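Asks: One-letter residues, chain by chain:
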Amino acid sequence: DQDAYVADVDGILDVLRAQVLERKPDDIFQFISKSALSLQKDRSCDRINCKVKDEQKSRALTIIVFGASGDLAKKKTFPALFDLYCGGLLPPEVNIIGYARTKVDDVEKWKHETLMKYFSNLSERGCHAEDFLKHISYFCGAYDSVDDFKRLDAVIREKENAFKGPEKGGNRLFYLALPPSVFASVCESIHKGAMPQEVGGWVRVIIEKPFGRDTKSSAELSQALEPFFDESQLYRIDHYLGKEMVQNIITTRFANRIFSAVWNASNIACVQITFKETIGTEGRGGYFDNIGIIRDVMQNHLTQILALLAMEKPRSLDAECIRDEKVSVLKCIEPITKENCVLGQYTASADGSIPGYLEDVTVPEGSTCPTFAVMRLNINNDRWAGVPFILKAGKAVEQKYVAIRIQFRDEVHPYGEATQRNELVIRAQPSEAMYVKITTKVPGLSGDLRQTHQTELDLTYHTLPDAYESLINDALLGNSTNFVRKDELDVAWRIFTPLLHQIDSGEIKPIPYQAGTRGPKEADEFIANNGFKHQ
Amino acid sequence: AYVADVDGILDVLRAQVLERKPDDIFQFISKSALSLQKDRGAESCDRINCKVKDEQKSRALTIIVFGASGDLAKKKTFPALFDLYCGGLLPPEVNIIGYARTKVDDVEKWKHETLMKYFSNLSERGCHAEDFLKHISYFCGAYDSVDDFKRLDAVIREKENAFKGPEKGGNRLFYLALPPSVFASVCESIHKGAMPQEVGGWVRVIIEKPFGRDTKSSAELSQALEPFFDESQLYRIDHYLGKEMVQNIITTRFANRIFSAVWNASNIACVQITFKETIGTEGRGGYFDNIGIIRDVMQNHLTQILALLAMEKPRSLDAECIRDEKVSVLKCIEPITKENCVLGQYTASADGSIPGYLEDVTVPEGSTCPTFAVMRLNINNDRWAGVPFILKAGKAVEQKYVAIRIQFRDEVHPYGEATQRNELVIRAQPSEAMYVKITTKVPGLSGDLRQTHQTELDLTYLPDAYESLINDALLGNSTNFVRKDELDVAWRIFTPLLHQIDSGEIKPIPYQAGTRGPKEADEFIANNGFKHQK
Ligand SMILES: NC(=O)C1=CN([C@@H]2O[C@H](COP(=O)(O)OP(=O)(O)OC[C@H]3O[C@@H](n4cnc5c(N)ncnc54)[C@H](OP(=O)(O)O)[C@@H]3O)[C@@H](O)[C@H]2O)C=CC1
Ligand SMILES: O=P(O)(O)OC[C@H]1O[C@@H](O)[C@H](O)[C@@H](O)[C@@H]1O
Numbered sequence: 009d010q011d012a013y014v015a016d017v018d019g020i021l022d023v024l025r026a027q028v029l030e031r032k033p034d035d036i037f038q039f040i041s042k043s044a045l046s047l048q049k050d051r055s056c057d058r059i060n061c062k063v064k065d066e067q068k069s070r071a072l073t074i075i076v077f078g079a080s081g082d083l084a085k086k087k088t089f090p091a092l093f094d095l096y097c098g099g100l101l102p103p104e105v106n107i108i109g110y111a112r113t114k115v116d117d118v119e120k121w122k123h124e125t126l127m128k129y130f131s132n133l134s135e136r137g138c139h140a141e142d143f144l145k146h147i148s149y150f151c152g153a154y155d156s157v158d159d160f161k162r163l164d165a166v167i168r169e170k171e172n173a174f175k176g177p178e179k180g181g182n183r184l185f186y187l188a189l190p191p192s193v194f195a196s197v198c199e200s201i202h203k204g205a206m207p208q209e210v211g212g213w214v215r216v217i218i219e220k221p222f223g224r225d226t227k228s229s230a231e232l233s234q235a236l237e238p239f240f241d242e243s244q245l246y247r248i249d250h251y252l253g254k255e256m257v258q259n260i261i262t263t264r265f266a267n268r269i270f271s272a273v274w275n276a277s278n279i280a281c282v283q284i285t286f287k288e289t290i291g292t293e294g295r296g297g298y299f300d301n302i303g304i305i306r307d308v309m310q311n312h313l314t315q316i317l318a319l320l321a322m323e324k325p326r327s328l329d330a331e332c333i334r335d336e337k338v339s340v341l342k343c344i345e346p347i348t349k350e351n352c353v354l355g356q357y358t359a360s361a362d363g364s365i366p367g368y369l370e371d372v373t374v375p376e377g378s379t380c381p382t383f384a385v386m387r388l389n390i391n392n393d394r395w396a397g398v399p400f401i402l403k404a405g406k407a408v409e410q411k412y413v414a415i416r417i418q419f420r421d422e423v424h425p426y427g428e429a430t431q432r433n434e435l436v437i438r439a440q441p442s443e444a445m446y447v448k449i450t451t452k453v454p455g456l457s458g459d460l461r462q463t464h465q466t467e468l469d470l471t472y473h474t480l481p482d483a484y485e486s487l488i489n490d491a492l493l494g495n496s497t498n499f500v501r502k503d504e505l506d507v508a509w510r511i512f513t514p515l516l517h518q519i520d521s522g523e524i525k526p527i528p529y530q531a532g533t534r535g536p537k538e539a540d541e542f543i544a545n546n547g548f549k550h551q
Numbered sequence: 012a013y014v015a016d017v018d019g020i021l022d023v024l025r026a027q028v029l030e031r032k033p034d035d036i037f038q039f040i041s042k043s044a045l046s047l048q049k050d051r052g053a054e055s056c057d058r059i060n061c062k063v064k065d066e067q068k069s070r071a072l073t074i075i076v077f078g079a080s081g082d083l084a085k086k087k088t089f090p091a092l093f094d095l096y097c098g099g100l101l102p103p104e105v106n107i108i109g110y111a112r113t114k115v116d117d118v119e120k121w122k123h124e125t126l127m128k129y130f131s132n133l134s135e136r137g138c139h140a141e142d143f144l145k146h147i148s149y150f151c152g153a154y155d156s157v158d159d160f161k162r163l164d165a166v167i168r169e170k171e172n173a174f175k176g177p178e179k180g181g182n183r184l185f186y187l188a189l190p191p192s193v194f195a196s197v198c199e200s201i202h203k204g205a206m207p208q209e210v211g212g213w214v215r216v217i218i219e220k221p222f223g224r225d226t227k228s229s230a231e232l233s234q235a236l237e238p239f240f241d242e243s244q245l246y247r248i249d250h251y252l253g254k255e256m257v258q259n260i261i262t263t264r265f266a267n268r269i270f271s272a273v274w275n276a277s278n279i280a281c282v283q284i285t286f287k288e289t290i291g292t293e294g295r296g297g298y299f300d301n302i303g304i305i306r307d308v309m310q311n312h313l314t315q316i317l318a319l320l321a322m323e324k325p326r327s328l329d330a331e332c333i334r335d336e337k338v339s340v341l342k343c344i345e346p347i348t349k350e351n352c353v354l355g356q357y358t359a360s361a362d363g364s365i366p367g368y369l370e371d372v373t374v375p376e377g378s379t380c381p382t383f384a385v386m387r388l389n390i391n392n393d394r395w396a397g398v399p400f401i402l403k404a405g406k407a408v409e410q411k412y413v414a415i416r417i418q419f420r421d422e423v424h425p426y427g428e429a430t431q432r433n434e435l436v437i438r439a440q441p442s443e444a445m446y447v448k449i450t451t452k453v454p455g456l457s458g459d460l461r462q463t464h465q466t467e468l469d470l471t472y480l481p482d483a484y485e486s487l488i489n490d491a492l493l494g495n496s497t498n499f500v501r502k503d504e505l506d507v508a509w510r511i512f513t514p515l516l517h518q519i520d521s522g523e524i525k526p527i528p529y530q531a532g533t534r535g536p537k538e539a540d541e542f543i544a545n546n547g548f549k550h551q552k
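Note that the protein sequences, when read in sequence, are chains B and A.
Heads up: the first sequence is residues 9 to 51, 55 to 474, 480 to 551, going by PDB author numbering.
Heads up: the second sequence is residues 12 to 472, 480 to 552, going by PDB author numbering.
Don't take each hint at face value.
Covered by chain B, per the in silico footprint, the following chain A stretches (three or more residues, Cβ under 8 Å) [claimed, not checked]:
(1) 221-230
(2) 250-261
(3) 272-285
(4) 318-330
(5) 363-375
(6) 491-505
Derived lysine-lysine pairs resembling BS3-like cross-links, with alpha carbons at most 30 Å apart [claimed, not checked]:
(7) A/502 with A/86
(8) B/114 with B/203
(9) B/549 with A/122
(10) B/170 with B/120
(11) B/411 with A/42
(12) B/62 with A/552
(13) A/122 with A/68
(14) A/525 with A/552
(15) B/145 with B/68
(16) A/85 with A/122
(17) B/549 with A/324
(18) B/120 with B/32
(19) A/549 with A/32
(20) B/62 with B/85
(21) B/502 with B/342
(22) B/86 with B/220
(23) B/49 with B/32
(24) B/324 with A/161
(25) A/161 with A/86
(26) A/128 with A/179
(27) B/64 with A/552
(28) B/324 with A/549
(29) A/203 with A/161
(30) A/552 with B/324
Derived coverage of chain B by chain A (criterion: at least 3 residues anywhere in the stretch with Cβ under 8 Å from a Cβ of chain A; other residues may be distant) [claimed, not checked]:
(31) 252-264
(32) 268-277
(33) 409-421
(34) 427-434
(35) 455-462
It should be emphasised that the hints constitute simulated quantities derived from the structure, not laboratory data.
Note that CB positions come from ideal geometry on N, CA and C, so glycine has one too.
Work the whole structure out from these sequences, hints included.
Replies: This is the structure:
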């Protein structure tokens, strides 16, 4: 026959084909030619050794991703899982199963084209993807069928008992890449049929960002999940808590005495946390019309950043005392009122390239949901009294940008106008950076030592995986330091719910602004009145 | 032979990598390379940059450099004046004349080979070198002859009378590039014969160190010059006060609340001011033997840096406000004791390349003179109580650099052994640099959270400092000149220790050249609040 050689030839054609779809229009005639030509010298080769702890290899692990046909598992969950295999963090005998109600004609065509198509670029690393796909299986069934979960458990129990390790049984990790409405039925089916083998093994369930839309809707949803799983088993991922630069916030603050001495109201004059984004709704205005920018990236993302910035020192580095301070600081904030808020809704841009938010057909006529929102929070405690906290977010803005911008009070004496406010910036995207801006005397001889200029002490990028998989590694370790807790969720909703009821009741209206600008100019007038000085 | 030039440029890149920023070396070599191109742009000697104030040109100006044939005026003073002319800072009609006892033949030949030979190595680029020499002149005479000053006054009066401006009279700046013992006679000759013309002008007198060798001998010297000139007219230069990084110490502290909030004993755990030099005495041992390193670079240079670091905030940037705070902070310092000192004296290197300090022919055998000295100072005020202040200076050591190294108190509880002390480093030589060291999470592993690594926040942004001090004296900005009350109080801090080392109560510890110093000195640094480690 022609043994073994077939696997190498098939391992080429699937690699280009995923790039052909991502390359998209136009004609693919040249795309096949030079990409394989680039691989000739790209062709590692040593199998990556397991960096995983010896304790994790003691007994079997199973990873079940519900909604494998869903948009999140395709573009994010599974591609993140492949990234962990390249790092060796997965045990060698790991078993992955994709669960979805959709019928699948043939799994082998499906994994080669529906899942690997979103994989991270594989010109230097594509050969390892073929070995990775052997671990993946697929399981068709309903999310509410206790019978199918009794059928799925029989499949997991075989590989759990086939494991080659001193310990027996199996740990299980479920990833609910599902709409929130489906979450309750799945955990019921897991509790009635998918619980770990009695001989041993733990269970943990990851759930996705949407937790209702107000303080009451989120509270009952967690109440629905209480009977089936406790807080230690639930892992409410936030997209940003796994980010490198924001995990540094707990270290940049407390590990350094210089920052801790000035992290108080006596020195800090203003704090702002912006989430700027140049994209519009991208034709999915109805998917965003029911949300709004406040609950999309402000109640969840910027609030988690504000919690890490304003939290009191944890008693230890244990995950819960860190999260305990994250909740205690959020309880000092009185709920936002409409006087402290400014909304915006992007219109057709002067370029003519971006249709206005109302120009999209999916958006209901007369919509007042905000595409832009700047607001001030007020922390009532001895550390942060009187200090503005300006949260800002918006789509279709002048530039893609998310960063912190603390601004310390300047001491006008002696220098007066020769000096200005110090500020510490912590940027996460487009690129990670941190720097402190200060005034220093100019090198030229000048005179009176008054010829000064602003100067920054840039961190010099002292030294990969996206936060979606970095949190996946934390759930595999059981750390849970970077996952939202339910008490942390209820207080974050309480800050915004009274304001969210007012915008839903029409008491305030968005301010129009055409796309590609900074936003409504009233928002800049609002930021100027809340402690933001600038050069 | 055509290929030889290329090899040298790459070697200077090697030194910067080990010196600082020893992380992600790939990108570091790139940015350091482009900066070297601007180190000399080979700018054409076309226009002259006349940035000097027009009001400085309003009246005739004259500069008198006594000892013009002397070693200091030959290699530094006159070359510095040429750089100020290349910078355009001198008035177009400026007159400078040299004073020395020796008679000279063919004076135009003398400056062309004895003085221009030591001009800055920009002379290949300095097209107007001989044009600058036309302002120079020579004068032979005694330093104590009031008659020679009365004829020197007639020469200056002629050049002052040739000035072409509405203002009358002439301004006069005397540079005493002379041993200090001559200073009492020169100022007496200036007073009785060389004072500025009555119609207008001003007089200013630059004097060089040593400013005595003890508190009383310094007070005798200042009182000897007291009748002839006031403090506003006297300018006691210190070589370091003109350097950019130390002038920035006042700006780094009080212009920024961040440093201002932590510049106190609540946050500062230790302070170190180090002066290291690979160079040995190198055959000139006799002149250093009666001085010693304590009064060579510590009582003057390092003490001036310590005053700028610990001084209370001036009420204003006026020059007198800064010196006033410099004296009050020094008054809180109790004089150094013999227990707070460890002396050293370098010997022949293990390779034998640099001869030992006693191998030099000039040094008397058995000398107790120190080539090395580490000391602790104790400031006693609400801001600096209990914080060690470690001064250090030494010749023929492992490395040539001078830097400040603050160490902030470690925050133990949040991370335990995962973190360490913060540091703020301010180096001036070999190259200017400032950076603050901090602990940050190391990117990579999602868990642990105790995994951290030290990192620096480097600052990111030619008239040499000797020229800047002369320009400060011409402009009347006395901010960078030690005052009389500032000087004698600095002597009182050191003299009781200086009387002990002269009396032999402590003697230098031998140490081989090219090492950090005596091993006893390092444990003394560890025993007085220093604790930086990997
Ligand atoms: N995806 C993205 O780009 C982003 C995601 N998010 C948020 O993360 C969350 C991820 O949700 P996501 O998976 O992307 O949304 P999807 O709507 O794409 O997923 C729906 C999945 O659940 C199944 N499902 C639900 N109800 C039914 C039903 N009656 N009948 C059959 N199938 C049903 C679907 O079919 P089947 O069961 O057959 O598989 C499908 O697989 C979202 O809430 C989103 O707000 C945030 C930022 C970006
Ligand atoms: O919120 P966004 O637009 O998805 O950006 C998230 C990503 O932004 C990138 O800059 C980071 O490298 C990733 O760690 C991060 O996941």
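Asks: Check the hint pairing residue 203 of chain A with residue 161 of chain A against an upper bound of 30 Å on the C-alpha distance.
Replies: Holds - the C-alpha atoms of residue 161 of chain A and residue 203 of chain A are around 8 Å apart, at most 30 Å.
Asks: Given the hinted pair residue 49 of chain B and residue 32 of chain B, is their alpha-carbon gap at most 30 Å?
Replies: Cα-Cα ~25 Å, so holds.
Asks: Run the distance test for residue 525 of chain A versus residue 552 of chain A: straight-line Cα separation, threshold 30 Å.
Replies: 33 Å, violated
Asks: Regarding the pair residue 122 of chain A and residue 68 of chain A, is the alpha-carbon distance no greater than 30 Å?
Replies: 26 Å, holds
Asks: Starting from residue 161 of chain A, check that the Cα of residue 86 of chain A is at most 30 Å away, please.
Replies: Holds - the C-alpha atoms of residue 86 of chain A and residue 161 of chain A are around 29 Å apart, at most 30 Å.
Asks: Below or equal to 30 Å on CA atoms is what counts here, so check residue 62 of chain B against residue 85 of chain B.
Replies: 26 Å, holds
Asks: Do the alpha carbons of residue 549 of chain B and residue 324 of chain A lie within 30 Å of each other, as the hint requires?
Replies: 25 Å, holds
Asks: How about the region 491-505 of chain A: do at least three of its residues have a C-beta closer than 8 Å to a C-beta of chain B?
Replies: The restraint on the region 491-505 of chain A holds, since 3 of its residues have a Cβ under 8 Å from chain B and three suffice.
Asks: Given as covered by chain B, does the region 250-261 of chain A meet the bar of three residues or more with CB within less than 8 Å?
Replies: Our answer is that it holds, as 4 residues pass the Cβ test (under 8 Å) against chain B, meeting three.
Asks: Starting from residue 411 of chain B, check that the Cα of residue 42 of chain A is at most 30 Å away, please.
Replies: Holds. Residue 411 of chain B to residue 42 of chain A sits at ~27 Å (cutoff 30 Å).
Asks: Does the region 409-421 of chain B contain three or more residues whose Cβ lies closer than 8 Å to a Cβ of chain A?
Replies: holds (count 3)
Asks: Please work out if residue 502 of chain B and residue 342 of chain B have their alpha carbons no farther apart than 30 Å.
Replies: 14 Å, holds
Violated hints, in rising order: 1, 5, 9, 14, 24 and 26; the structure is consistent with all others.
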